[PDB]
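Left out: one protein chain. Kept in place: all the others.
Lettered A, B and C in written order, each chain numbered from 1.
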Amino acid sequence: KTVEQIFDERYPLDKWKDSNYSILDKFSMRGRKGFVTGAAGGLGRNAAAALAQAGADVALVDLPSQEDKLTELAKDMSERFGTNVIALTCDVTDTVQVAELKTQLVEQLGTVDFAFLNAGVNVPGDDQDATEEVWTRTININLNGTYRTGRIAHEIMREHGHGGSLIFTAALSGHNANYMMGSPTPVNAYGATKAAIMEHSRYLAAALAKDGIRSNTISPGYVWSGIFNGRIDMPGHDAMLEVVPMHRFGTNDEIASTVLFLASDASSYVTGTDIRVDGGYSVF
Amino acid sequence: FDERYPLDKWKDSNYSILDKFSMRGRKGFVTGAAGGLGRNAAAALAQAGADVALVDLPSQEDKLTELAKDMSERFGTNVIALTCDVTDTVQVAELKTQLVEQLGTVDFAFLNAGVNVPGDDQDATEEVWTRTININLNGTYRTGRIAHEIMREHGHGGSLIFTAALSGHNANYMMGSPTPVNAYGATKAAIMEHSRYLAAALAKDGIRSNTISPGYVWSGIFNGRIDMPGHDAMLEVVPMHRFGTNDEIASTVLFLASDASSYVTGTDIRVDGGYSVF
Amino acid sequence: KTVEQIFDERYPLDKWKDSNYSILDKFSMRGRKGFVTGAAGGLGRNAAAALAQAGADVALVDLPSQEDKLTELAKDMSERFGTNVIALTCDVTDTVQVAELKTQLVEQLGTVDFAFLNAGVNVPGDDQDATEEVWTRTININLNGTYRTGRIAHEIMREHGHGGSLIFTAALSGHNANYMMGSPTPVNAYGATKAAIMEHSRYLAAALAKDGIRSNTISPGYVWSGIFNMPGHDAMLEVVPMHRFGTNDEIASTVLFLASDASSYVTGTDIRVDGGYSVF
Partner (left out) sequence: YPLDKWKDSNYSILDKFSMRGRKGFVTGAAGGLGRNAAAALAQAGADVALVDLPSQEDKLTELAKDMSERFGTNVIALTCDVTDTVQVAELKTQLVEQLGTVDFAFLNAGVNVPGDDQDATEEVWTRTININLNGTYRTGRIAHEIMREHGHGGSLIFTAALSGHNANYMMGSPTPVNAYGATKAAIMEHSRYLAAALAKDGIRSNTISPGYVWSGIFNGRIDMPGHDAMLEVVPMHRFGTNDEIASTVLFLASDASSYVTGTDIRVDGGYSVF
């Protein structure tokens, strides 16, 4: 029937039988623009760098204090991959800076096709006796900060009248209390925010599907991004990887490839789900 | 071994499995105790033989006092009204003191207080978002904090029950689109991973931490807001094709609070009439 | 007659204001009849002893080899709790014995209002190099056997035109690979079958809700049931916050919750009784 002809047109079965078509083209980010938060840190800058090499304009977003490190990273990535990689400072806990970041993203870059909302922090003393300061500091940065930065991203997309890809950095702390030889790590408030970020991403996926916007999370395990260099002896290293079958820390590049996949058309039917990158931690 | 892991306790004639659901000699509190889930949980625990503090907003003091008097007479336990806005850190600090002074100790807490702020969708404003976090997430944290602080200071175990939600796992489906539970869903997911950490962290101290995730419960909050077509439309994705009742949450709170759940910690019990299946 | 008057009658708010009402009555199994598979094991007999003490008639079901043990336990629990507790031997891999079980359940009990599908096995050499023999034996017993015993339970319920509660024993192994000092324990096929039982239970919960039948899984962690007999013990309890094995009565109390009206709005979900393992 015409009903079957409609389905056969809507859903092509074998694009690989077109000479001009390639499955590798899906991982391209050419003619696309977006921003990366916490882009001074290992996961942020490496993710941004991977998106730039795929051929995307990337605004490197981090604290005002990182302005110098941002602008030189923005310059290095620009000359390396011949892309418009700019630097924009914004404290994500300050609404005024977030409101002004929205303005500069649209003006300096052009639009937002993707957003890697990676900015986050683990506060010391984040255990069962996490104080009001330790609790609220984590909630204000991880949950409220992300929400705001996530909001301006999908605000621009709808206002510009096109789709896009939201990638929120969660954690296994959002799934499990991180195991350390009988006792858990201090990730009480930290885990709560990442679990909140996860179900937030899931809601936006459901709500913004009609707008052509996908929303997914990456839950990295132990990744050696530079966060705690010279702050973990090999006794600690080998002790931490007890419960990681692969018995090694992840690297920034192994997260960068996952961000690329979620940002690109390779994941065009992936929304409202999580991709764990933990070397099999979640199995235990 | 063997001596500390009895295989067949039922072979003792003076033992009974039903004694594990008893709460006689137990003392604790319930937040949101003016609401359907809270007051029915409080009444269940009191009927099981516990002393209960009914905790809610200052504006609910008269209702709480009425409820507390009613439950005391019916069940013959110490049921008292104690007001606390969980957003106010000063009132939470005072709540800790009055719990200890008027009950003696805390062996259980049902941290049930929560709101659904209107306009909680993709376009959630700073106010709608932060209000939901401040009440549901921060409010539940600090009320949870004083409960296990009292337990450890008094040198005994206890059971924390946090009210999460189905919204914490899934976005509530209604006729193609999700219901506005953007911030709400986020706070309930946070509470579930919060309770999990505490379960692992406070096992040393003999304290269990678990969540209940209610589906659709006819608590009083839906009265006069929905019609029959809306009722049926909401329950399209609920196999049992009916709202749960306050007694069905109350029986679950008694299980997790009592010794029946003695080896149950860092987990969640969904009470949603099979919603989560879909 | 008003829409709100119907809702008020459908959904009572404060049943405790009925002086004849008690929340503890929801845990009674008086006038309820059911069966427990693997009833010779620790989890099985204790669950049965609990349900009998709550006031239920119980058929104790296990392998033909356990007949004498089942008879002794069935006579013991009958004297103790003053209910009709009977023994009915059945190999869950044998379709003729399971058809014979369905007959004797209706003939000797009268009906089936609850079923604890607890029978299960852990086969030696169940690792990455699990053989066709080890794999298929696990699947034949754990998955296919549990399916059959579960099927006749909800067949009897629907044939007798009433609801009931199915309880399937899953495991921690169904969610995660059990941790031992860097490597997983041999639960390759075992883990697979327990994960299959969980999603099997979840389908039945959705399908049988209209028939008034509830389906739930219990996922025990490390329970000292008698299947076991400082070292090794502590290595396994390294990732258990409570740093102790569960006892059979701690699973039995979870079964009684799921079998009783205490869980009347609980269906298509799992209850982890693992002392906080899942957290790690």
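What we mean here is this: contacts are C-beta pairs under 8 Å (C-beta built on N, C-alpha and C of every residue); 3 or more make two chains touch, one makes a residue touch a chain.
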Chains shown that the absent chain touches, full complex: A, B, C
Sole residue of A:66, A:83 or A:271 that reaches the chain not shown, by the stated touch rule: A:271
Contact partner of the left-out chain, one of C:169, C:176, C:269 or C:278: C:176
Hidden-chain contact residue, picked from the options C:29, C:36, C:92 or C:198: C:198
Contacting the left-out chain in the complete assembly, out of B:170, B:187 or B:219: B:170
Positions on chain C where the hidden chain makes contact: 95, 127-130, 132, 135-136, 139, 143-144, 147-148, 154, 173-177, 183-184, 187-189, 191-200, 202-204, 206-208, 268
Residues from chain B at the interface with the omitted partner, ascending: 170-171, 173, 176, 178, 236-237, 239, 241, 277-278
Footprint left on chain A by the chain that the document does not show: 3-4, 6-8, 10-17, 19, 22-24, 26-27, 42, 45-46, 49-50, 53-54, 76-77, 80, 202-203, 205-206, 209-210, 221, 223-226, 245-247, 249-258, 260-261, 265-273, 275-280, 282-284
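Going forward, only the chains that are shown with their structure count from here on.
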Farthest-lying chain, centroid of Cα atoms versus that of chain C: A
A-B or B-C, whichever has more C-beta pairs in contact: B-C
Chain centre separation in whole Å, for chain C relative to chain A (CA means): 42
Chain A and chain B, separation of their C-alpha mean positions in angstrom: 33
Inter-chain centre distance, chain B versus chain C - centres from mean C-alpha coordinates, in Å: 26
Multi-chain contact sites of chain C, meaning residues that touch two or more partners: 243, 279-280
